[PDB]
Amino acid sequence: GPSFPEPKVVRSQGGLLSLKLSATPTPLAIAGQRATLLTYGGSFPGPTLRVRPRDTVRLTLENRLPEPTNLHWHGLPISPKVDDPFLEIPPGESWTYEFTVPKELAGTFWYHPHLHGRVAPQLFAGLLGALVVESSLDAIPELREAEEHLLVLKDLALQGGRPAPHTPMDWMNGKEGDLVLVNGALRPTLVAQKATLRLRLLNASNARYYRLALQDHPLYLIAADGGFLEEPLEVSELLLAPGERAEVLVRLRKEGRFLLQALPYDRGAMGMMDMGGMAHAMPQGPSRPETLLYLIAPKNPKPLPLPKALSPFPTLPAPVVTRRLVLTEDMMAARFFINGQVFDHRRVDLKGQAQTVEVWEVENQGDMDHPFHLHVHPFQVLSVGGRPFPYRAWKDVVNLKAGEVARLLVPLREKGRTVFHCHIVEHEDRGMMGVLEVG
């Protein structure tokens, strides 16, 4: 019947997903418009890779961009010798990422550029795609009959048939676009056929937040960035910061057409006033509400019961180290710091021990939200703003509002050199990143 736009899915076959992906300028039609974006595999979003734990992924990235790039397997707890953020793939050159999917992993992940200084333009232009890890838990009766869909939330601005260029204000704020798209389409309609939906949600935007709400419906959170919750958590709305993912169940209990919306949200984005001879940041205030899609329930909907439980969160050793990481900004210079320093790929900032557990206290001493991301080592958010976190699940991005402290339980897994940074990728490019070495 009706065809909701969703990225094409490449599945592993016989334990192997082998794929060649070109990063290339791509003439496209989207939102009733012609524009040339940067894409992987010629699609915006890029293709969804779908794997199982212990599959081998062999992705050869061919750089057909006029500038160097690389890949980050966002959220995958794999060796930084594979997920190497320091690697530069020159134009015309290629690189083959090979890794084995970790053994008990489940959920929605994604891939995107990670060459320092070029992440924000390259991501904004369209370079992103999803990776879905199937789980034995998906076979339980309360999940195996749900209708599954991926929603890639990513906004865009267009100027002269190209992605709009980054202005000095964009480097300060992180760039939001006026086209608020789902899976590259403007306000699509999803016509459900089963009464229980599993929606895999990905915020692949540079800086835009999505305060998600479905008319007349709660959402049952069942997974965070990097794995299942212990049990479904009913919520009335769900904030997704840049880089975060979530999976929710929607129980359609009556016929109709329902709007999925991004409600107003104030992330601390700023205008600028130049008066006298002095410049001053000025709060932009909350976002305008946005319709993301229209959801239409099937005939006579009979949703099944929720799963009573999902996946028990592992027991972890007591931490041996607590670290303080302070985020700050020089807004008018569009410079961003951790512990008073900007990123220097030459400089190692934290050195920890593999197979130990640390507590990281991340403190936002700036004026904007900063969503803090760590590679390689998924963490358990213990508290934010002094309030205990409402569920247990692996996460790899945590949003910090101005003034907030997050306490994170960080088990150090794979050895090697990796990074942590703000996932407003303009801030990352402008210095809000540090280096962690695990030995």
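Think of the rigid core as the biggest set of C-alphas that the two forms share within 1.5 Å after superposition. Positions refer to the first chain, counted from 1. First, how it differs from the form deposited in another entry.
In a core superposition between these two forms, the Cα of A279 is the only one among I140, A309, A279, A354 shifting by 2 Å or more.
Same protein, the form deposited in another entry this time rather than the form deposited in one PDB entry?
Below: the lone chain, stripped of partners and molecules.
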């Protein structure tokens, strides 16, 4: 096959993507060894669904797992009656998700389980896939003539030919694995045929962070989680927290081999130590550096000019309310809280009005990084940690380092009951989630 592995693509046909997927334990070969994972569509990652605005998506999920499951259409501004975080599909049963892709939408999204208390083991075991909303902006020459690839960043650990079980420390920290994979492959080689690459990036890991840097090159950020930026933004590195997406242009500068690496990053994971005075918690410190892929440039590379503009970001109406959501931790109990409470599916925590804009101040009073995710209602990050955000784009996950406050502009879209939660999914399962009702 092609030197660079990527998930198989299923495209809408005539305005309709109608597809039956099964969530099933699947024997397969991965990173050179046989293992049984939990997959959608018999593959890890699951198939990439490629659609365009106004398409109808009709996805029937058949649950062939021994436990109940559901889907979260991560990042899609669709009704929470469809993207239903409280629905349960029992083993052996099926459910059809049907929605229309919104007209003003573009980017890389993804799908994965969201059954409270079971997310971390199901996601860790392999249940995820990407969804791409293609845009008319893809036709501008500076993008159309680039070589496009999806990079699904997701780690794994195997024990006895199956995903490794969660330990108590895994529930506290979020589980990371030793196999640090791209598109389910171990350190693949991308032999570029064009000098400009357009890379769609997805962090589909439970908890691992990717401090991305390409040797000898900057990256040009062109999209965040849920839409394009207004113009390309040059960065020397790009941190992708769990659940986040980005799109970058790479302008290969000379012939050669260049490593794409996940550089050392300390997200605050904790270990234990006994030095003669009772066991005490001690920081794990930064992650070890990882090579994600080998990028081979073509001969005599002459990259395309960058696009001068992408998509204007909407001018939002003045907000009508400010909310303050404080994140805290009880590490030794592996319990995690929002405004001092754990999730209760019967309890509505916030009540807002559709078509108004809110300011959300999310404050991390813990010591770990927490990537905060809101379903249904994409937001504009105004500032994090006292620093203004350097671009305007739609996001749906925002990473908070210890002590940091993020200020978000949240337009409320579809009416109904939805959730917000930490996207270290172990923390969600262990309580760090709340309920928003929009009326």
